[PDB]
Amino acid sequence: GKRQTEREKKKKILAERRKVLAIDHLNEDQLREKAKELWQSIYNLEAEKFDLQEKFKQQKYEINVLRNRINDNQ
Amino acid sequence: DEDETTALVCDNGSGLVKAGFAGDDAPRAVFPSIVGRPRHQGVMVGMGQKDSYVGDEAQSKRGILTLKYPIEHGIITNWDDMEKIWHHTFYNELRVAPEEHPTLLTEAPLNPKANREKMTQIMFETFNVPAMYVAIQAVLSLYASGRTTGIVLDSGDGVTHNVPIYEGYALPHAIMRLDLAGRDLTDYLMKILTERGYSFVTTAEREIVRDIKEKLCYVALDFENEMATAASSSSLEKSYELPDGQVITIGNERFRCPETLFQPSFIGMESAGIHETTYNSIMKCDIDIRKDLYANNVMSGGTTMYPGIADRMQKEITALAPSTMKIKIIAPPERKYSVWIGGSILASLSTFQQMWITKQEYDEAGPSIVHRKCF
Amino acid sequence: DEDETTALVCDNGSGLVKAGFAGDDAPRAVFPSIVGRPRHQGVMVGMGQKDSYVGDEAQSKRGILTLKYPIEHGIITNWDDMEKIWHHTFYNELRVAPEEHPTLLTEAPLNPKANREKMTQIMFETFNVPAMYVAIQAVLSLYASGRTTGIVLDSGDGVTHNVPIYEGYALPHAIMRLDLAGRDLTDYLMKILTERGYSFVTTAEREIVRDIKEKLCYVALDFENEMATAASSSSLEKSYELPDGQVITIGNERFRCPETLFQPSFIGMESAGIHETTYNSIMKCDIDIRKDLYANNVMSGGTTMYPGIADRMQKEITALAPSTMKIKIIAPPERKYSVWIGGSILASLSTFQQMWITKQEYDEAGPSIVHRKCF
Amino acid sequence: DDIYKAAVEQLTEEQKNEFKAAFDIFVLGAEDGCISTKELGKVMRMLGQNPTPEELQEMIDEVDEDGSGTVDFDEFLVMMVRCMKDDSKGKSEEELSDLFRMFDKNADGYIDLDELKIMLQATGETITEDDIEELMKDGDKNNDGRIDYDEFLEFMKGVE
Amino acid sequence: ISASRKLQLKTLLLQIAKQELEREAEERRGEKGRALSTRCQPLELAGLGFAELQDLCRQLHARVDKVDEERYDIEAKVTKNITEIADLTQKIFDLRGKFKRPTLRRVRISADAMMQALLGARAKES
Ligand SMILES: Nc1ncnc2c1ncn2[C@@H]1O[C@H](COP(=O)(O)OP(=O)(O)O)[C@@H](O)[C@H]1O
Ligand SMILES: Nc1ncnc2c1ncn2[C@@H]1O[C@H](COP(=O)(O)OP(=O)(O)O)[C@@H](O)[C@H]1O
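Respectively, the protein sequence lines represent chains A, B, C, D and E. Per the UniProt record's numbering, residue 209 is the first one in the first sequence, and the count goes up by one each step. Per the UniProt record's numbering, residue 3 is the first one in the second sequence, and the count goes up by one each step. Per the UniProt record's numbering, residue 3 is the first one in the third sequence, and the count goes up by one each step. Per the UniProt record's numbering, residue 2 is the first one in the fourth sequence, and the count goes up by one each step. Per the UniProt record's numbering, residue 41 is the first one in the fifth sequence, and the count goes up by one each step.
Please note that a few of the clues may not be correct.
Here are the simulated SDA-like cross-link-like pairs (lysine to any residue), alpha carbons at most 20 Å apart as the crow flies [as the list claims (entries may be wrong)]:
{"no.": "1", "chain 1": "E", "residue 1": "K120", "chain 2": "A", "residue 2": "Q261"}
{"no.": "2", "chain 1": "E", "residue 1": "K131", "chain 2": "A", "residue 2": "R275"}
{"no.": "3", "chain 1": "E", "residue 1": "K138", "chain 2": "D", "residue 2": "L154"}
{"no.": "4", "chain 1": "C", "residue 1": "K328", "chain 2": "C", "residue 2": "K338"}
{"no.": "5", "chain 1": "A", "residue 1": "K263", "chain 2": "E", "residue 2": "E66"}
{"no.": "6", "chain 1": "E", "residue 1": "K138", "chain 2": "B", "residue 2": "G247"}
{"no.": "7", "chain 1": "E", "residue 1": "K138", "chain 2": "C", "residue 2": "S236"}
{"no.": "8", "chain 1": "B", "residue 1": "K63", "chain 2": "C", "residue 2": "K293"}
{"no.": "9", "chain 1": "A", "residue 1": "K265", "chain 2": "D", "residue 2": "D139"}
{"no.": "10", "chain 1": "D", "residue 1": "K106", "chain 2": "A", "residue 2": "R275"}
{"no.": "11", "chain 1": "B", "residue 1": "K361", "chain 2": "A", "residue 2": "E214"}
{"no.": "12", "chain 1": "E", "residue 1": "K140", "chain 2": "B", "residue 2": "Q51"}
{"no.": "13", "chain 1": "E", "residue 1": "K131", "chain 2": "D", "residue 2": "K118"}
{"no.": "14", "chain 1": "A", "residue 1": "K265", "chain 2": "E", "residue 2": "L128"}
{"no.": "15", "chain 1": "E", "residue 1": "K58", "chain 2": "D", "residue 2": "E155"}
{"no.": "16", "chain 1": "B", "residue 1": "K63", "chain 2": "C", "residue 2": "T151"}
{"no.": "17", "chain 1": "A", "residue 1": "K217", "chain 2": "E", "residue 2": "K120"}
{"no.": "18", "chain 1": "E", "residue 1": "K106", "chain 2": "A", "residue 2": "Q261"}
{"no.": "19", "chain 1": "C", "residue 1": "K328", "chain 2": "B", "residue 2": "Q51"}
Because the hints were derived from the structure by calculation, they are not lab data.
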């Protein structure tokens with residue numbers, strides 16, 4: 209039950225984060241703005257991804273130090 | 003921390019999970035299949051304290067924990083607890099990242115498909131393993147022992163599978179699935195130790211009795227001779243130290259507990275007994291098979307370590323067997339560890355490299371793939 | 003110097019009140035839990051003279067005052083008198099207004115809820131404290147001693163609580179409170195000193211006998227040997243000086259007072275004594291807990307300050323305890339003040355700030371809130 | 002000790018002269034010119050404090066460098082700076098953790114001698130071999146020749 | 041070397057470490073700018089007609105879903121590392137526990153109050 213939920217859940221979350229786009233009621237000028245808005249969303253997501261990658265590296269460092277401290281104090 | 007993408011091997015029993023990497027001759031560690039939980043209300047502030055403890059943590063802090071096992075006679079029923087056990091095993095102690103290694107798990111061939119399908123699912127879906135295989139414990143002890151033929155008798159903590167193998171083939175009509183194992187032997191011992199004045203009920207007490215059995219008990223080559231003697235004289239008692247400085251001595255209970263394997267009626271079970279189920283697995287095989295299985299009574303798992311059991315099982319089958327036939331027990335030191343060892347050997351065989359379920363095959367086939375690729 | 007809104011810490015017992023600021027390592031002052039009142043008719047005018055005197059004022063002017071204690075056998079019985087004890091403690095000697103500081107008050111684990119409810123009510127309604135917490139004295143004793151595990155044997159002035167703690171968790175089924183404490187020991191001494199020809203019954207006299215007990219009692223690790231000699235020879239008598247120049251010598255009575263802690267029948271109590279309640283708190287805990295509690299009997303309260311009690315207690319517990327086991331006593335200098343010290347430790351923990359009852363929570367729920375949030 | 006010893010080095014001559022006048026009050030009548038628990042107790046009581054004999058012995062032990070059981074004037078100056086703080090709070094662990102990472106150039110989790118030397122030279126102060134060896138001996142409490150994270154926190158305790 | 045010299049060196053060591061920490065942050069910001077230039081390159085809208093713009097919006101929307109999935113995957117690894125850091129932190133604290141609970145004392149009479157009481161008007165610099 210729960211593992212299937214976790215797999216369904218990452219996909220469910222990603223589906224929830226998927227917005228609905230429509231391009232028929234918009235004219236050419238509005239579509240150019242819509243494209244700029246989507247680009248900015250991609251940019252912000254890439255910026256967040258970058259920050260997480262940086263955090264992940266500092267975390268590996270911190271984990272290695274904690275493991276060494278445990279091994280030296282045991 | 004491995005320098006090769008060696009398969010991982012983990013033997014998940016009702017007792018302990020044996021785990022290490024393929025190619026070794028032993029697990030790196032044994033991880034008791036236990037998840038512990040505090041059973042008391044905290045009073046002091048700043049004490050840390052988690053909602054649960056796993057494996058050796060669960061036993062080390064057991065004084066205030068209630069301890070439970072996720073595996074019932076070979077089948078995992080509590081998957082949350084097994085993810086914690088598996089995570090701890092790979093993450094903290096084996097120093098393993100399954101994402102980079104194939105993983106081989108073990109199981110009785112007689113257990114519900116739900117367990118082999120779910121174990122395949124968790125390594126692929128929770129641990130992201132590149133490949134899987136779930137192996138048969140009869141097979142695994144035979145590989146570890148250097149045998150292709152025999153009756154494999156586990157008498158483990160959880161289940162006794164009683165499975166005859168000939169020339170590497172299963173002989174399924176001769177299989178005796180038995181609901182009798184060390185977990186039942188332990189409960190019996192707690193009741194007869196109660197008769198002696200030592201009441202064992204709670205988790206600390208249950209773990210003590212399992213420790214008493216493991217260090218003090220034996221089956222006896224001849225039960226009645228040991229029974230009559232132990233019931234008549236203190237010369238047959240053996241002591242055990244309880245953690246609080248108190249002691250217990252055990253007399254005929256020392257063997258009455260293990261005896262349940264030969265006499266299941268001791269715990270209310272309707273069963274032939276391990277020597278008859280072993281016998282029937284030989285007897286039900288074809289007439290030209292019987293001679294090879296008589297000569298290959300193969301041990302697996304724990305309890306096969308009891309004094310008098312390798313000699314007793316050979317005698318008990320001999321007593322039921324036809325004349326001419328030569329009856330022999332194969333009881334290697336690879337005892338209590340042969341299933342894990344067989345996993346190491348099997349995972350590493352060149353002939354087994356195509357038996358692995360890959361991640362791509364799993365994703366396309368779904369969880370039922372274990373039925374088509376493993377067993 | 004106090005340049006930060008540090009919590010204030012006060013331990014209010016049936017004997018004395020320890021008070022200071024969180025972050026220090028001792029109460030700044032100890033204020034006896036006394037409210038004194040004049041019991042004579044005045045003749046001179048323009049002599050000042052209060053309706054009541056508190057703490058050290060009550061003792062300094064005691065020649066004509068009757069001295070009453072607002073706290074008895076572990077609880078507040080008179081909270082209007084405690085408002086005055088606290089007002090003096092905070093505003094005259096600590097010279098702090100609780101209105102700008104959280105306040106930490108303490109009690110025993112099974113202490114009647116009225117005690118924590120009145121401590122909460124007075125500090126929020128008459129002192130307007132921004133926050134409150136009522137802590138458990140056993141926690142605080144362990145914090146002062148550097149322990150998470152042990153038996154807190156806290157014999158104080160009005161009560162012995164006796165509470166086992168393991169990994170910071172209380173084991174409440176193993177708590178054995180006794181109506182056996184320092185106030186009763188004083189009364190026992192007054193009766194036996196009366197037998198010697200020194201009859202003490204009035205407030206001034208009761209305070210003298212308490213002072214005698216504090217300076218002369220040595221308890222005796224071997225009381226039978228001490229009574230045999232102390233009752234036979236003046237060589238073991240200690241001279242005590244009284245306020246009017248009189249001298250009283252005390253012999254076996256010197257230890258017979260403390261002897262009541264081992265023989266409670268001396269004061270009419272039905273009890274096995276403090277060493278047995280320590281032992282029973284260990285015995286009612288699980289056997290994987292007991293080993294750590296045996297190695298950590300934790301001394302708190304005030305009876306722990308006799309020159310010989312640590313040996314009297316270790317001898318009695320080890321005598322009751324199983325062999326093999328190591329029985330030890332933790333008896334730090336933080337004696338008699340370990341609750342206050344622990345109070346300062348608790349109040350200053352970062353892991354304790356979420357535990358405060360705020361004034362807003364109090365005003366919405368009323369004083370019964372302490373029973374739900376603290377422990 | 003080190004943070005207090007530095008504060009003493011920086012005291013002006015007039016400040017030291019005033020502390021000497023105070024010291025002279027404390028040691029008036031003492032057989033060896035030094036402050037023992039009898040002189041320390043008489044002054045603390047004169048000042049309105051009521052320390053126990055144990056508290057008085059601990060106050061002396063905290064600054065006693067020779068093991069004399071007494072306080073001389075040099076030890077007195079340390080007692081007087083210890084009794085006051087300019088360096089209140091003293092930061093905390095999270096801030097030291099980020100600074101530790103900056104000393105650990107190879108990102109191994111330890112500060113070795115080469116790392117310490119690079120950081121000391123960067124300060125601009127003349128660094129002698131004795132400055133390097135002494136700080137590493139003061140930091141590495143387990144004698145491996147390196148400062149770990151827990152040793153670093155003890156090493157920089159109280160350092161503003 | 042004097043303890044006074046050691047302190048001065050420790051205070052300067054911490055000041056440089058702080059400068060290096062600021063330097064690291066500035067360099068990381070520069071690295072972030074360059075990474076974003078590669079991963080999220082500018083739109084070229086000139087010359088696109090109406091239908092081409094409708095297809096672009098759909099293409100960008102699809103990319104938003106893919107980037108969010110990649111972000112999720114790194115976030116999941118970060119989350120697992122937090123759990124591990126929290127557990128190791130508790131383990132070290134317990135190993136480094138034992139007899140070490142710290143205390144403060146109030147026997148340390150402020151040297152300012154002490155100097156005013158013992159010297160009176162003579163106490164001007166201290
Ligand atoms: N020396 C022994 N004496 C008595 N029983 C044993 C002995 N060795 C193993 N057994 C029993 O067998 C079980 C452990 O064996 P094992 O097969 O390794 O468990 P698992 O299937 O989890 O790997 C326990 O129930 C233990 O009590
Ligand atoms: N050296 C001693 N000898 C005998 N009794 C003592 C001694 N020291 C303290 N007591 C007694 O212990 C009690 C004080 O207990 P304590 O815990 O320190 O204060 P409280 O319980 O109010 O916090 C009083 O009855 C006091 O007379």
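Taking the hints in turn, this is what the structure says about them:
Between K120(E) and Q261(A) the alpha-carbon distance is near 13 Å, which keeps this suggested pair within the 20 Å criterion. At most 20 Å may separate the alpha-carbon atoms for a hinted pair to count; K131(E) and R275(A) meet this at roughly 10 Å. The suggested pairing of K138(E) with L154(D) holds, with an alpha-carbon distance near 18 Å, which does not exceed 20 Å. A C-alpha spacing of about 25 Å is found between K328(C) and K338(C), which places the hinted pair above 20 Å, so the restraint is violated.
For the hint linking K263(A) to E66(E), the alpha-carbon distance of about 15 Å falls within 20 Å, and the restraint holds. Taking the CA atoms of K138(E) and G247(B), the gap is about 24 Å. The hint is violated against a cut of 20 Å. About 47 Å separates the Cα atoms of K138(E) and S236(C), which puts this hinted pair outside 20 Å; it is violated. This hinted pair checks out: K63(B) and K293(C) have alpha carbons roughly 13 Å apart, not beyond 20 Å.
The suggested pairing of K265(A) with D139(D) is violated, with an alpha-carbon distance near 31 Å, which exceeds 20 Å. For the given pair, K106(D) sits about 19 Å from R275(A) by alpha-carbon distance, which is consistent with the 20 Å threshold. As the CA atoms of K361(B) and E214(A) are separated by approximately 18 Å, the hinted pair is consistent with the 20 Å bound. In summary, the hint linking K140(E) to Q51(B) is supported, as the alpha carbons are separated by about 19 Å, within the 20 Å threshold.
Of the supplied pair hints, the one linking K131(E) and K118(D) is violated, its CA atoms being roughly 32 Å apart against a limit of 20 Å. Between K265(A) and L128(E) the CA atoms are separated by roughly 17 Å; this keeps the pair inside 20 Å, and the hint holds. The straight-line distance between the Cα atoms of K58(E) and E155(D) is roughly 18 Å, inside the 20 Å bound, and the hint therefore holds. Restraint check for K63(B) and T151(C): satisfied, since their Cα atoms lie roughly 12 Å apart, inside the 20 Å limit.
A hinted pair counts as satisfied when its Cα atoms are at most 20 Å apart, and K217(A) with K120(E) qualifies at roughly 16 Å. With a C-alpha separation of about 17 Å, the suggested pairing of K106(E) with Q261(A) holds against the 20 Å cut-off. The suggested pairing of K328(C) with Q51(B) is violated, with an alpha-carbon distance near 27 Å, which exceeds 20 Å.
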